[PDB]
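The complex appears here minus one protein chain, its other protein chains still in place.
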Amino acid sequence: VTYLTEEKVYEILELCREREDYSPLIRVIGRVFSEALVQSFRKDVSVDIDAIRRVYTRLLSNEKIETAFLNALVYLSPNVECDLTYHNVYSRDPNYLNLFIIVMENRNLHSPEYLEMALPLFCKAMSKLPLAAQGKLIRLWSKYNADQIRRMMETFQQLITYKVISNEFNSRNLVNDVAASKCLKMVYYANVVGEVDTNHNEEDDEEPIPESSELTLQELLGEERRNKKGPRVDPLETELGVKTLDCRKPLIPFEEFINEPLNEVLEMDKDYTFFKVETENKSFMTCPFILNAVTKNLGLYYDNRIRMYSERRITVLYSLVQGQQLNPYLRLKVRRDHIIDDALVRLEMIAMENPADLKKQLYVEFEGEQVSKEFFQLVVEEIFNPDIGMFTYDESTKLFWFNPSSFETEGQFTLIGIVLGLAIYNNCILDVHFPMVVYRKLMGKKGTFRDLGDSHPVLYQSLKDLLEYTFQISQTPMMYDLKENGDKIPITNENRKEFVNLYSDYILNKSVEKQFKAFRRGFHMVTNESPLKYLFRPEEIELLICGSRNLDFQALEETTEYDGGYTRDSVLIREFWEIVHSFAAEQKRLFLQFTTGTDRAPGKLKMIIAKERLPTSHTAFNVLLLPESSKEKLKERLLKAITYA
Amino acid sequence: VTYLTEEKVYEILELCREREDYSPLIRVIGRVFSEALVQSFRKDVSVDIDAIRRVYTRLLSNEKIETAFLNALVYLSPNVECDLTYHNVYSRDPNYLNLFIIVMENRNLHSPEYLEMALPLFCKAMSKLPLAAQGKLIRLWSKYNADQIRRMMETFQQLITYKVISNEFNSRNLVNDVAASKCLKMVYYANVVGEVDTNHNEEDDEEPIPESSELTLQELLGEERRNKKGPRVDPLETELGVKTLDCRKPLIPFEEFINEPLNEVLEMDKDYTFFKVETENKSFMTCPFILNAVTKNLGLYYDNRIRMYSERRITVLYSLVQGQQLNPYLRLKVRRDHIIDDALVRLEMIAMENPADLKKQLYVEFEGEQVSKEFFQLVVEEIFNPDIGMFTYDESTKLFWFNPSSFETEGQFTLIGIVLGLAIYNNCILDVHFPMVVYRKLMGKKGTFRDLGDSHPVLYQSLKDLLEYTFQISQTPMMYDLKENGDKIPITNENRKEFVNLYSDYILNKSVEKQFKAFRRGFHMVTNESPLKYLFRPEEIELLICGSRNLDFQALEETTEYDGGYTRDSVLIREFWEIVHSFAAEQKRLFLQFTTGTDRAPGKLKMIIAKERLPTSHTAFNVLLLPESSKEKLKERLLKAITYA
Amino acid sequence: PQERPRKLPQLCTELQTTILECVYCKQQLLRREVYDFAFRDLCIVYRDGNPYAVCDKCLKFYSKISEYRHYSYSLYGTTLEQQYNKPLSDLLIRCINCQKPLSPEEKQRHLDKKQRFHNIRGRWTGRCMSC
Partner (left out) sequence: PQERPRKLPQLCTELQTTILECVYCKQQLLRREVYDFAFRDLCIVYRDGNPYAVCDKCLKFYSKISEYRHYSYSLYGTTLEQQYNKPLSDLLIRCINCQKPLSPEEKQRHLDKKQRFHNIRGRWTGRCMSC
């Protein structure tokens, strides 16, 4: 018979129980491996993972069944790979997708023989598998439990360990030689749903106020229909409805869904033009879950850098034909104690008059001074101090927050959103310590309950002990019943469920439904074209903005970029790394405030140098272009730039 | 014995004269084919083409010797192809080159079995063959007579017929898949010397007067040494000393050294950047003898067009940083009857002040008019009429010449040289009918004797009948003894040899040693960077400048470029080609003066159109953007633009 | 609004003239710029009731304005019909260089060059026959 199944396999060991020989008994599983499971498994797919766990568990004795388990695959590779893009088999029918469970269901795919066998043919089948016949298996795949996830979380990952390092790839083979990237593009979503809910998102990310030149061009076109119908949304979740916008929980986290031996070896520079511009040949940006955050930023930096290039490509065109003034930089004007006013209103001229120039790279000017990388820490110290009144602090956790009584200086959140939007463009960190709920809200997801322990842990357990146990809570001294007549509600616990939800919707949304939004208006003004909702997870936007404390001084001693007086065997160069590597518990934390100007690390971090020569830094490039003397001269000169903080 | 030779092959047929069998008798020639001719042929190379003509002529009877003549080659291909770029065999010794005569010496290479065999392995050996071990075989190859040339002129050509059409090549395989191009690069030079003499060239092509910005940059560098040490000379003849500068005669002409099935199918657009910029992958410009002249012009047009692009890339940079005026065209100012003055002195401002802008594409302006392609025929009619006094005519032959008494209006040859240099930049013809000696002299070769029959046939036979037969000839009424006391010389014929040479050096050089040179000063000013001495033969520069009379109206009815009111099935379009193809003996010769403005054809000729609608033409683009009526309306409207010439 | 003719093919009628003023150049246009406004099919620009046109020098600029700035994404021929499944004739694609609405025959300008289609300002574009 063609399809071998539950009762035909019931007596395979019984038919060789008396003769002990199994030669055509294993040929048939190398025949039923080549669509034939469908009639072999049915009583919208089969449920026979218990049934193979009656096969393989009664065939625990014969470990020669794994021969034709694997030997069927070698002809099964070009079987299911040609018929999908040349014959397009599942286009007409939704029943071609029922076969796919046979590859993943084996309990010994974790062994390296099935590593190079089971995935890459099947990922090739999963590659041209369509939007549903990938995306609807995930609905079946998320139903798998955590141990089944634990059996799955390794088995697709195990090829992504070694296939990506079999390629010692050049700039010629990025995506075409990687192929089970597109497998992992799908089966990442297994750990998405297997909490996620599309309910509690933000309101709509409103568009920028249009360019007044394009505003008249909006009288040259229709002005009413194509108002950003494509922000280049992710396509997989449009085949779902349920998104990566709102991954509240995993079963196993998404750092499992990152490969660092993949990350360095790839080409990521043109990957944004393998993303915005399309290229099937060389892509990984189209699977933004798999990039490391310290590498994901590069293309995001590049999308700005390409826009800066395109703003360098558009700065001509008013000194070109209009003959007028030329801004090949975003020139911003401030004063060191008249910043917050003049930081803002210059950008308002870059808002109502030139709403293009903000993606263009920032170059700050002053009034008195006759520089940008240090400039943000100047901004975000006075911004993130409560001298302006925008902000509180949860200094116990050292996590930062808006002040809800910034009812007028939400006009001064207008600056920082552009600034935060500009802090991500130059690829600088901020020493902003915002909680995770900011970045869920920066990715358009309004406050859940569980993000409160990021923001305010003293509210977190004090709102879930209610669950562990009246229905109104004050806010700073103003008591406010969320639910109406929440004052009179007793400590009856049936009501309390929304009281978890509403007070979490209060302090995260119903307090700052305009505060953060007037903040996010400045943010999304300059960061709309950036694919941060696409590339960055909300956790990825954290470590972009807030930065990582992996202070690796032992990087930029190896990848420094100095010229004009600092060759490889320079004397102070052969005397400086021993200074930065002579560090103790505090000398580390004071190093970076002088070089770049920050406290946490953004391995693409670099250096620059040339030729009482104290510690000097051109503080917009991490450029310590100091002079040539010995160690014991320089033993305190670095401190002298750092002592007077 | 290893090497089989003249007396060992003397008895090959004799050793099978009594037994009639020849099985190892032909293995040995498939052994001596794989360096072994050197000891087999010697008594700086072998002379044994007579000896194989004792082999093959006594082995006329056994036509199975051609088996291992050809069957040796299949292993002889990777023999001699690896050792030249990996082992570099002839680098140390000049005796590796002695082997190469065995492939060419066969009398039956013209048959198609040896076509795909004998050349491409040996051209691969000839490919990495060095500058001498190619170039010094040519000295041996030019010693071959015309019938030996006749036996050779086909046999390297016969692969270039069919190998280049075996490739139905895309824009991916131009030079790498063509390979016996580099063979033909060499063996073209066989027909160069086998008259050529490097003696009678021009004086040195003096440099342009420097750019005054670069003149100060010439005080930022050495100002004394690197004054155009490379005009990008041809390298093969620097390995000779004897050049393609001076091919006075062939034995069989160089149109044999052109392939038109090659010419169209190639990529020639980036071939200039496969020439100026170097690329081994995709080149044919580096073999400029093989291109058709109607295709060779394209890259020459492109070198201008790329310089026009680079002049489009440099026109910014004084409205960029200096903020000053912007000339993105070469704007020339004239009047329709005050041209010759004002044509000149505007370009003198483009000479002493902006000597860069002349390679940039010409866009003529006027004073009264409020256009360039027609503009040259305006120029070269009044230029090439004797109203200015620069010029005579040999109206019998209808060949054109300078007037030697243009002693002051050689200041007006200053215009036309730029103009002729600009006539070649836009790819327009001129109806200049200059003789071939102009173009030898435009390629820096002063007048030989034999070019007189190009210029003045009435002087040609009247100077060689002297040879067929006192030693002074007048010039217009001024008699002048070339040799001193050439008056008293009788009709003794020993003296007369220089009298051929000197009067040919008189009227072609010693009359116009300043006239043409003041003409060529204007020419080489704007055409120095153009590789016309590299790409164009002097015959190629003729058909570039003077144009071909292959009036193919049946081209631009198929490759027209019209838009904005002229779609493919336009009514007048389906009524116009029947007008231009309704032609008789004179309607052809009057067509082109209205469309482009010329009389001879430059298949890249195109058209343009849009929407008493008489014949109209935007006369700078061959753009007949006339209206929509029927035929019999338009039956005279074309004539009406042409009747009033 | 709905009454004012947003196409010069309809404004030649409502001007009661025979077969032209742009607000960028602030000048009076020509009949070369009445064919292409009927051919690029752009919208008539209005100045709070005052209707004007584009000139080609400001068609070649103020669309050059957005295309180097309002760039969103460009996609293969394999996808622009896939993710839309909208007819290419119905597919509102103009030109990226001259803002001419692409004929579907001219939608082989990237489909039959092994090229890609472009989208500026969320309003897809590409190359045309003139480019």
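Order of writing sets the labels: A, B and C. Residues in every chain begin at 1.
One rule holds for everything that comes next: contacts are C-beta pairs under 8 Å (C-beta built on N, C-alpha and C of every residue); 3 or more make two chains touch, one makes a residue touch a chain.
Here the missing chain is touched by one residue of B:36, B:45, B:140 or B:314, and it is B:314. Among B:7, B:50, B:204 or B:219, only B:219 touches the chain that is left out of the view. Between the chain not shown and the residues B:229, B:398 or B:568, the one that touches is B:229. Summarising the interface, chain B meets the missing chain with residues 211, 213-214, 216-217, 219-223, 226-232, 235, 275-280, 310-311, 313-314, 317, 321, 356, 529. In the full complex, chain A touches the omitted chain through residues 563-565, 610-611.
What we mean here is this: only the chains that are shown with their structure count from here on.
With each centre defined as the average position of its C-alpha atoms, the distance from chain A to chain C rounds to 37 Å. Each chain gets one centre point, the mean of its Cα atoms, and the points for chain A and chain B are 60 Å apart.
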